[PDB]
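What follows is one chain in structure tokens, specifically the form solved without the partner chain.
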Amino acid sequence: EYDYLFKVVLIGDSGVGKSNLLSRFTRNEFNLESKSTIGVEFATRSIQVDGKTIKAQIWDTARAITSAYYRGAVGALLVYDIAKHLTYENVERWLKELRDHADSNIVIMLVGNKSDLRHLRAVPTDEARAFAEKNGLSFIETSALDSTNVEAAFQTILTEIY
């Protein structure tokens, strides 16, 4: 039913909105009531790229497992919460975990989520943009809650994989 299938993975501190980013992209739903991710969770969606039908297979998460999680992944969304500076400091660690287990050729996108929380902002866009440029990461600010840029995020990262 599709022509290419791309494994794409979600990573970042708990509570930054990976699961809602997944549920907003794949089924256009969002919950204020945080439901725990347990083990690895999945969701897919067929997206159009060129004249090609790509099945975005998005992985989500709460040691051997850690390698099965990154192995094969051709894309990743590295997510933090623009309202919680700690989740952004941790991005360096998640970057190291990624580069240890994934293919060098993986396309990586830094994602500052919860951009609707403008009045609570803890991580200025410019700093995060700089960090991404420095480490060769694509960058974007999303809100799973009001949906701003969620479509563009996955669309963008899937388009850079080809």
Contents of the next structure:
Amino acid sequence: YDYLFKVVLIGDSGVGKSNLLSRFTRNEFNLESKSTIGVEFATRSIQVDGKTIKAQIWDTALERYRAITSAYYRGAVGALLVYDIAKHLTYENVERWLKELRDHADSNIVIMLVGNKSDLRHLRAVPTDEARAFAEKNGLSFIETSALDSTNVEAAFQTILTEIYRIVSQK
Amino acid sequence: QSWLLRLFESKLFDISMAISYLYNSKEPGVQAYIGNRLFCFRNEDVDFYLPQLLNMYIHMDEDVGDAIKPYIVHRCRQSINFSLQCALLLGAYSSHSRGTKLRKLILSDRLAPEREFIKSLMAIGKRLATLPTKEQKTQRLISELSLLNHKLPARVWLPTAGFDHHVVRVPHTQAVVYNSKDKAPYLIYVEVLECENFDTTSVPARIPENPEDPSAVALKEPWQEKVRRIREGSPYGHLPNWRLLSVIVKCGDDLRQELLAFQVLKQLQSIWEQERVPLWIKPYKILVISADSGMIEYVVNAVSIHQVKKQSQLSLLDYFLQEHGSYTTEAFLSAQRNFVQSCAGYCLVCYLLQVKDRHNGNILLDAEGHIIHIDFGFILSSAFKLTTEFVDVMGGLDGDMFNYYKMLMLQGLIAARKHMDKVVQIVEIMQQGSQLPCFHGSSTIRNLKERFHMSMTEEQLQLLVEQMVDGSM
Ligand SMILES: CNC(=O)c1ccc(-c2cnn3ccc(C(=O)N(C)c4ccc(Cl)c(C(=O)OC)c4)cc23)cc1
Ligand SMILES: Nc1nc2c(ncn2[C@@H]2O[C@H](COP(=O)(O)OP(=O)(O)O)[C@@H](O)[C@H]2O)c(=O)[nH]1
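Alt. form deposited with the partner chain bound, vs. the form solved without the partner chain above:
Entire complex below, previous chain first.
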């Protein structure tokens, strides 16, 4: 592989971290779910500008495993802050997740504000425009995905990995 | 699991199955997924489970409740009747908690004219408590109901009617108080005007009247003749959508256990129709107003067997012959078929639900020959007996219709086994956080499922039906 990226996943418990990480690497979605203990690891390769990139994606569970989750923030080239569309609490705590990420990650890390559970059309609690406006105001990437419907799941990782490649062009 | 999402995607996933997983799954992602599929079911299919949903929002953990709340709020905006029955059922089952808060919001955000009308009918029944005789109660009942016409027509409806409508006139004279009890029920007749959708059509026009007792005459008459006198003397009787309803207002008795029986009745009615078994039962709608008040859908052309035996001074078999016809006329053979089919139907309803307190005051008899069981107060937790008088109407023991009554019970029990889950969940969900006399000892649902005898073979069900009939004697 030409490059070895290291991406992390942050978000409140139960927002689809494990299923987004699942649906990307392998097309498997489970409703019956086990909460991630410590960290979950999955890998996949992609080609950006013809250069084969390898991505080590970790689903960090951080204060619960502070000694371990901090070791995965160090050197992390990218991060995906995912929140639950049908739960407005997980969207209010996004700033808190950004704060912990900034405290332990590099400033150059690109963070994409992902709104999972877009299939729950009727239970929507967080507006799409409020999240897209919150992304531009904080310098993040807003894109609502559905790990159940498998929509935008492969197109959300490839809009942050292509971004992780385009920001390493300054060499 | 992949399989669960597949099943939910699979058509086999009906509204009954969504309820079971919502009540049993401890996975919030599954509860939230189902909470979104409620919007994709039919309006009519989900409403039949509204007492189960609102009882789950009140008594289950906040995950189950907050998954049901979006569909309820959406339905409360579409239908004001849905808003009414929600607030009534919310305050009925919570003795506090979240449901009170939801109920207040539903009341706060056009419901005042309807709530005023219902609050009046319950105030009338309570005021009749000081009058000792049943005729003194009727004297005040009729004059007080004559005052509701000052507020009619209005945005007021009766939820026990299957159609959308406005109440335009009440004929006070035909209303009757049942007995001399302190919490005595009373019957009322209401003239309504049917519409296509209640929440779109405006209040109907008002037409005044001018007495001389041409139509006020309240006498024992057939329902077809009771409507004629009412429609003739009414200022709205010339309209096409003029319909006459009948409601029993109980202001002091709890009808929540009567609502549970209505559902079990309507599900078994749905199960037998699906299994093409020609049983017959009559589910009458229940309007739960509060934890100790409500209304009863009054079935017309139906009178207590205790009253048929007293008025006619005959036996049951003698009455059908006089009312319908001889042994060889079509009229009697039809009424006998409706008697047998309805008996075998309610026999199973009694056995499955353990409906105690079974006398001829709680059994009715409609004009076609069917029977209707009422007062589902001692259920689950006096028993049903096919008395000597009932066996006679079927032509005796060795007769054909009694063997057909025997086989109808077997076919209907085979059918009820093929759909046991759809019935048990109606009772099982309502046990949650309830203080009703039906749920006691934690064996209420264990013994309810055991009575379906799922393990028995069809040969062993035959002998089981033989034994039940012998006991009923
Ligand atoms: C807890 N639940 C009940 O007690 C209940 C349930 C269903 C009913 C019912 C529904 N339709 N219907 C048609 C005819 C009759 C009928 O013939 N008699 C003689 C009758 C018997 C008892 C009563 Cl209490 C009344 C009454 O209030 O009349 C004003 C009338 C009764 C019913 C009544 C009570
Ligand atoms: N409707 C819907 N449900 C999802 C989606 N992603 C995950 N879920 C469900 O939500 C729950 C979240 O579980 P999980 O992904 O392990 O939580 P997390 O890893 O801590 O964020 C699981 O029951 C999933 O089946 C999605 O995109 N749409």
